[PDB]
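As a starting point, one isolated chain is supplied in structure tokens, in the form solved without cytidine-5'-monophosphate.
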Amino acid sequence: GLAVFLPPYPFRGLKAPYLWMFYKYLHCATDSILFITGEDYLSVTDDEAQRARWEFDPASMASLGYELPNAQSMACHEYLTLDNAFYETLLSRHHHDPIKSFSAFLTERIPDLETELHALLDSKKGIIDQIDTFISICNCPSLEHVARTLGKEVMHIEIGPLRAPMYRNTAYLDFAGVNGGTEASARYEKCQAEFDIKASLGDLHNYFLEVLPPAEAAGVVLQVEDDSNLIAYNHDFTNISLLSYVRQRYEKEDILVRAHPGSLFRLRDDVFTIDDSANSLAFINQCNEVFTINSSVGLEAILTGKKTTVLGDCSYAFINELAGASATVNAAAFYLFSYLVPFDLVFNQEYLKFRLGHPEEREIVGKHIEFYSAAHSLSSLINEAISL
């Protein structure tokens, strides 16, 4: 059985922040799941005051592919609820800075949290013995240590870098960590010689493109300031120091900035030239090279053959650090077909069992292409796919 970890701690000012994953696993569940979560996740569906949350938007339910759970759907699983008081305690140990508290939660072992997790799991020890793996939407060394004591692994699972409408929907699945401390590079290193791809980057990019590619400066990508990427996995770089970094190398009218609509702040009116392109691709094509901390837009540039500079930690960084025309295509082919997972599968318990048995990269790739579609060797599967 699965144990899904969905912490209630409002680090970013939002209750039940990972509610969409709760709804998604509930909608896709076939067997009982152990949810390690908070009481807010259990009351929010019936909370008449949180009716305007984006998770309840019909467009979001359709985009992420779930429906709202009824009583039977929610009640037929197992629950362990994390104590509401631990958040305030964590805050007090970091000068009540919610951001710095979030960072510690993502990158450090927290004894109090491990203790509570142990106590919760011990209350249903018979249930825990049946657990096949732990699942987390974010890194959490506390949870990861606790899982090791039980001889269990933690699958880190998150929305992927390529998404609709532009691309096929993808997801992250990482045994080491998602976004930060990813295992993507280590995975490719072990199975590199199995990848001999007969294609260009355009061929790897168009297969995932679902829309007619746009027609044919220094690009700077801004991101949301208070997410895990810029709080913990940024190598101390920020939106400000990123702009400062590029400024050390370029003049103002040679710089095109791509703002993120979800950011708390935006650049003042007449400081930089702001891009107003219909999409990421239309922005990238106006640039000679692209600068980013760890935006997924950076992946898109690399896939289109644009010179990209990555200042933060991310899953696709190892691809860019390769000098070679064919060495890059092979690395990207692995990332796209073997590392990235079709979005729906990471919520499919049968697929998760498959990944849990530690299958060969060939089996993983074949399973993904099988999903994408409507040959035996790994390279032949990919080559045949991006030609048809």
Contents of the next structure:
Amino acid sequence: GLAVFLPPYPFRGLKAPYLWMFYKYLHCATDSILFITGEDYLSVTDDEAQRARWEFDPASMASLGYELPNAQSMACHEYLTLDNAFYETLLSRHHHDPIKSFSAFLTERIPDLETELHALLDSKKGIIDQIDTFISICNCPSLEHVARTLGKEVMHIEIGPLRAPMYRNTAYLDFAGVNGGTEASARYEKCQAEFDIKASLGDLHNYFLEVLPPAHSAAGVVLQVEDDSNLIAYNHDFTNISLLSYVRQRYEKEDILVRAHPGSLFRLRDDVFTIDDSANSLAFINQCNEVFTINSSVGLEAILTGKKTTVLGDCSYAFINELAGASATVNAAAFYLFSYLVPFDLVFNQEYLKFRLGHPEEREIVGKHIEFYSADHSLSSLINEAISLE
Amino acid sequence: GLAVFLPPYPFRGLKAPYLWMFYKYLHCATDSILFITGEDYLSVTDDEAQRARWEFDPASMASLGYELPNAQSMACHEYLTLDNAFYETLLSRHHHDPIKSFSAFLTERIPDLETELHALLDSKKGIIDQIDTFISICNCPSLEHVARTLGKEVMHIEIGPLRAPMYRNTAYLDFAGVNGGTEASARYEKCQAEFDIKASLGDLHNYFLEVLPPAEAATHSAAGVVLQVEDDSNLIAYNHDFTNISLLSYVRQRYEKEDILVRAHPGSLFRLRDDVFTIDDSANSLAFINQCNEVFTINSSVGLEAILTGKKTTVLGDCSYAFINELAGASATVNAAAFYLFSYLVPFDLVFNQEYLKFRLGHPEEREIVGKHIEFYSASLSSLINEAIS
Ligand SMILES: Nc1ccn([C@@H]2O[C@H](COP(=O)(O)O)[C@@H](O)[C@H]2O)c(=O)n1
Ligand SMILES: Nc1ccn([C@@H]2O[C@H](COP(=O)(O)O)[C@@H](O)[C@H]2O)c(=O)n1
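Could I see the form deposited with cytidine-5'-monophosphate bound next, after the form solved without cytidine-5'-monophosphate?
Full assembly next; the chain just shown is listed first.
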């Protein structure tokens, strides 16, 4: 079975931070799952003070394709719960800075965590050999170290850069890391000769677009959520304010359009920059000549719509932007969209997960994904035909 | 099949640094092996400007239990060879410091290396699917990153802390790391209840000794200092910044020179002048330890030896046996040392035995591992060890 790692540590001040993934795996479950998580994930539904959480919003449920679990759904699965005394102790060892503690969690081994993980997995004999793979929503060298000792793989799985309602829902699935330390460029370089796609970047974009496009600054600045893992561990020290300064070296304010992340706690004053108030990020980038980002999903959007895009942080799609030719870029973007990204529902499907655990060929992977997208032959022929059929 | 990684990079100034492991795997091969190495490893045996190397010394060959390979032995296997152009670039990227370059190789991902490893593995079709596991003589996050992407384990394998002629030959086998980042303590914490050993510390030592221990020494020094090879990976990456000279300084903070007995590593390029420290000239490290009341080390194999003789031991670097030293009780120390010697350590010949390697690759219970080892040494878990100690 699956072992799904969903840590309770409230690095960003929220209990059960990964609750949506917990609910999605429960809803799409076909077999018993081992959940390595916290007690908060189980008691959140009866906590009256948390009922305004977006995970309980029917619009969010419908968008991500899950419904709330009942006692019956819960009982089908096994649970190991992590203790909070470690989180306090973790904070203690990082000057009580929860963000730097989060950074350590993402990028460093933590012996105490490894110990507790080993003890939990051993708490019931048989558990370890039932495990076919670990799943984690984030990079975690503590878990990954434990996994090597036990001979288990770690799939890193997260909602992707293209999301409903603007796009078909996508997801990341990466054996090495998600967002940071990804294997997308390595996978592409191995199979790049198989990609000869007769389309433009905009044609690729259109395939994933689910809506009629919205239909004039030189510089567009994409801002992100300030305490996102992307801006904590994978940012190359860049922040929203230093990204702005970067762009301000290169442009006068009259040529700068800034869009804050809707999910941010902060937003711009309207005295100094021209502030974007578009209804979506696509309408925002469409007004810009070139786009600047650290490692936002919107960076990929900019690339697919043909805009010159600057990416200052580490991210899974950055290698697409580093290629010189237009044809080379299209082929890389096609691999990324059709083989690296996964149809969202599939990374919660145990049959698909077992398929990927076998480490099949890129051709098979693309075949599976297009089969899903076309729910309604060479690799390049598959993609070209899919694009043509629309 | 096995994939054995033996890098050609001459960090310490010597071509084909891991030549002995190459020859040993060739000798004990029972199936075709994939060697990821350098062409320096292939040309040395008939390069007669290289005759004076220790790997060709009949004493070394007998001691490690191998013979030189002939042309027919070589032809049984597959070879992928790494380019030197990367090494030069690696050096220029680390201020032309070969030692700090070695450190990065040991502790950091190197994108260029990963690209080449992926290209070599992908060079000829069929190779990756026939790999059961990678084997590396050292930590290498570049290789380990590649292995995650391909879904393969990495066994870290090296000669152990107990070696002939003084002891039975032992080896390390560790899925997480060798010397640094080891999984010894994690494995022990998981199974420590199974180790209730009713034998003395001396009984354990005696089991591994091939010779009788030295008689009670006339005259004892208060403090013994173990020096190591200055550019050993243990003093480069796993030393916690300690060096031979800072270790000496450490002890001098606690002892007058007249109470200090220092033993240089026989393999070192350097040795102490004759007039400031009392210099050891014992026939072996065991006779040296015997003259000391307590022993100080960074992370030498001799540290384990001091522990096995019941001497108070200070360990300043990271190493696999350190967790033994951190216990308070003598009986608890015995139990842990028993796990270490019989389950963590492997009989030397077996780590070159493909059947044994496939056994470990199945991640069997500790009881099974101990049984396999004792079976070799003899030519409940505790009762099996208790009886062996005899
Ligand atoms: N400046 C921004 C950043 C993100 N977003 C929205 O948030 C989604 C996720 O973006 P991030 O990867 O930056 O968090 C985008 O696909 C987009 O819909 C936005 O609308 N404006
Ligand atoms: N100061 C030292 C260090 C090592 N040695 C020898 O070298 C072997 C390997 O030790 P290292 O781990 O320090 O390299 C020891 O088992 C011992 O035989 C020694 O004789 N004197």
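Positions refer to the first chain, counted from 1. Take the two forms, find the largest set of C-alpha atoms that superpose within 1.5 Å, and that set is the rigid core.
- At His260, the distance the Cα travels between the two forms is 1.1 Å after the core is superposed.
- The rigid core superposition between the two forms gives a CA shift for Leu68 of 1.0 Å.
- For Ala49, the Cα deviation between the two forms after core superposition amounts to 2.6 Å.
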